[PDB]
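So this first bit is one chain, no partners, the form deposited without this ligand, shown in structure tokens.
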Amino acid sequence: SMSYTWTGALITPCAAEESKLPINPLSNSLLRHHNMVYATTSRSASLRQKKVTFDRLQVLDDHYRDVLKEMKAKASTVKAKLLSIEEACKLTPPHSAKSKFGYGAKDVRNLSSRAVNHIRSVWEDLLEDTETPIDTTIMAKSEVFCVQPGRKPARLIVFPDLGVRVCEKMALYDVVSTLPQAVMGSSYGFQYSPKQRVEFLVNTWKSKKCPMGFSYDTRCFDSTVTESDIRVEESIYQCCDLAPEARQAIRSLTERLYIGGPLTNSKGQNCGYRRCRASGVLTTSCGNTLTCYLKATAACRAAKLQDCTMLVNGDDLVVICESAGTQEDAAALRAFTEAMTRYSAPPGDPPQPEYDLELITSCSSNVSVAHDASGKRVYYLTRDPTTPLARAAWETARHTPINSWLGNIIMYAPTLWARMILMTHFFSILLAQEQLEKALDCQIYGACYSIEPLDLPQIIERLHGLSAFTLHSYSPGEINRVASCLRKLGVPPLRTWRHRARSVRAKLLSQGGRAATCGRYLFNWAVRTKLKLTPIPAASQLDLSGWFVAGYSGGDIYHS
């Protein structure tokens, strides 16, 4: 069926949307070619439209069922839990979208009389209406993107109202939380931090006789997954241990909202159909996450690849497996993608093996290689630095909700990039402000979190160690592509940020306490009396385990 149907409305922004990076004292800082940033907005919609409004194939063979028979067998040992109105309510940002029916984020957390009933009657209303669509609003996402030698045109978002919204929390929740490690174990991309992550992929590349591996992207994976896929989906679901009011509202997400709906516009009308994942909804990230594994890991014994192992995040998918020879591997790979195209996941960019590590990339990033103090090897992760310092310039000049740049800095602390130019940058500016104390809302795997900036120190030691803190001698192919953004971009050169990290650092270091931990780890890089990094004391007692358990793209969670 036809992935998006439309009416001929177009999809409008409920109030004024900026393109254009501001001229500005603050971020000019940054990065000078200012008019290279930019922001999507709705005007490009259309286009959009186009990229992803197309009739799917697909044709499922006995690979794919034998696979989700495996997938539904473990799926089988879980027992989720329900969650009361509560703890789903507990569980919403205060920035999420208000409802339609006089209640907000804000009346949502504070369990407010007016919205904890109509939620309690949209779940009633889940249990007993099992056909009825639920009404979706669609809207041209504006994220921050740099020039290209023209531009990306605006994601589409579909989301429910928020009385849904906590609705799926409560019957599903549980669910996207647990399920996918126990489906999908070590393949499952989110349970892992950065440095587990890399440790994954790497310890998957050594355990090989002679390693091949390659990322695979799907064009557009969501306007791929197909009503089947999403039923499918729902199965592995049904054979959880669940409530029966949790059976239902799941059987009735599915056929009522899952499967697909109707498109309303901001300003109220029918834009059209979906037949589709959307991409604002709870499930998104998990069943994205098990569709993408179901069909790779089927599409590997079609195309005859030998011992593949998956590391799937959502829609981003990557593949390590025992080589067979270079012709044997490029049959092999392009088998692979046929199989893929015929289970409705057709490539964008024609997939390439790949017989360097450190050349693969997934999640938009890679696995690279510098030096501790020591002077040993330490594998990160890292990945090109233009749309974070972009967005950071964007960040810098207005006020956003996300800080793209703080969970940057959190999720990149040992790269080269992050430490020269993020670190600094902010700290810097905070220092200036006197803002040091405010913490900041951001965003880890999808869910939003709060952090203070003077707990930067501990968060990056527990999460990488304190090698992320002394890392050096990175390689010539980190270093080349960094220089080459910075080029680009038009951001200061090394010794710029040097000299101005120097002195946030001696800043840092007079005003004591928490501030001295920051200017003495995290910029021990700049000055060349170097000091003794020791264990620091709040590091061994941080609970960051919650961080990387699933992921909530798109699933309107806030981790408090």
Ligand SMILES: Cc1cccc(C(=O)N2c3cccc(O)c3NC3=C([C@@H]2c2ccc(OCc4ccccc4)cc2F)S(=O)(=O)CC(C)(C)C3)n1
Second form
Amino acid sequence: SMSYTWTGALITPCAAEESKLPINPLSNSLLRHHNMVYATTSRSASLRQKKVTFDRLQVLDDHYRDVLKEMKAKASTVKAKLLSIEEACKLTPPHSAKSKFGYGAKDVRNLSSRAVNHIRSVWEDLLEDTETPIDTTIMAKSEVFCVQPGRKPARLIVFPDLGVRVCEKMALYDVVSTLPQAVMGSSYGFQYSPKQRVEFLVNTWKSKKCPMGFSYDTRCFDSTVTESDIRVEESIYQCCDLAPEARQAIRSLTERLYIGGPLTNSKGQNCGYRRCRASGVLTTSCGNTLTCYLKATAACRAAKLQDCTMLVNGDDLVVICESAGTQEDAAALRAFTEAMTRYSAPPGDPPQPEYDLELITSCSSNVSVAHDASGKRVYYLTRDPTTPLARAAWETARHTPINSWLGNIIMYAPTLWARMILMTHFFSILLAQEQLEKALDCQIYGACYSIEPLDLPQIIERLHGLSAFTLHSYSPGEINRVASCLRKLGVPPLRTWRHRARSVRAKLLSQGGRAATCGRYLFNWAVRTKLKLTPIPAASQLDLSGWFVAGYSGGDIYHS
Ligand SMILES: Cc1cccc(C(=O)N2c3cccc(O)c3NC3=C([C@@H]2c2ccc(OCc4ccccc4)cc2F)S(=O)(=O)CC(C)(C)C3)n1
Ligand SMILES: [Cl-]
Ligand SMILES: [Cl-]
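Return the structure block for the form deposited with this ligand bound; the form deposited without this ligand was the one displayed.
All chains and molecules follow, beginning with the one already shown.
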């Protein structure tokens, strides 16, 4: 079975597509080498099409079946609730793609009679019709990158209509929110906040007598997912206590949408047929996580890797285990990869065994070390800041509906680059435009949030602890990665950012209130005469439930 078949009709944009970074004074302050920054477009879709289109081999074995049964056992503890129309409508982003049937996300959120009646009929049809493939739209996603010699083609997104998406939520939101944790336990990555996640990686690393770790990068994971994989995934969902209508909906969604179906371009033309994972449905993150974990757990047994602890976030996979020795780890890792390959998860790049935790990257991120005010070692997550910086420059120049810079500040708050560059650059702008109190959209684990920049200090304390405001003596390797990133992108040197932050810090303090709290906490790094930083009372009061429960990337999820 081919992941995809194509009619020859093009993947088309539904509007004009910017690919170049404008020459704008505000963005130019952040990043001068504007021609290094680009956004993907429709024009590179045929290149992507070529990469995601292949035959799949899958041979299942007893290790695979053993693990599956174990997961199902855990799954059968779960009792999933059916979401009400109102509840599902509330989870729809304000700017989610309109329906082809004469209503949009706004109508969904407002529970208008048109949207709601169409949603009911979609739901009833799921219950009645078990076979008819549901239509999907295929689009080229616009994402911003820095050039590296040369360019990434656009990713392809495949999604059903708004009415169907609201119905997936009713049938499956509780399931995709609750079940991965029940099944994978501590290995489910999306349950951790940043501090918890770092805690778990470090503890796991320090628990082994001789640790070895690796990341495993499946070549085009969504395309490696077979119809059997998606039906096995359904077999796990079906172990939950379900309302009968949910049980039918899942069955019908599986056969009509999840396993595959027709692809239609922005212009309504038949583009082809998908027989693999759609990027843009509710079950993608859950399904990818389960499938990845299943295959990897069985492949570990096949490779005889000892005392494995997995961390899985969709298609992202980290394994930490007990070293058997350099040669034998290399052999065992190769056997793991052949097992994965047989299970239809071949590697992009061969995995490499690693004996230093900081050398392992999970979801762009690695563990690094710094010291807090008292000189105590603190572990934190960081990443190469090249893409975050390129995207922030873009978002400075162009109004984008989702702000990666804001998500990056939240998730990488303790980092040198987030603190000195991103906070300084954006607080300066917001402060000059008097927009500090204006809420902005970002994402956390794929789900969309509306966040007030003035609540960043409380947010950051909750997610990272107070040490996020006091870190210093960063590793030489972190410092260099950052420093040399700034040279490449024509981002001013850190000393410039210190100078700018002092000025911003002062303006923030002068304003008093929540603004001044941002000044004390966010920019204490910038002054020699430091304020003593105590817990923020409002931090404990934040309702961050739902933040670090599950992954929702591609799932059309909005949280208020
Ligand atoms: C299938 C798919 C495609 C693209 C992005 C994502 C995704 O949700 N994330 C992701 C995954 C891998 C790579 C990647 O770069 C990535 N990026 C982002 C996020 C998130 C995500 C980001 C980090 C992560 O784990 C490491 C981590 C965890 C907590 C704090 C810091 C790092 C897991 C995770 F799902 S985000 O939290 O939604 C917003 C942010 C601006 C941080 C971008 N998923
Ligand atoms: Cl990013
Ligand atoms: Cl200075």
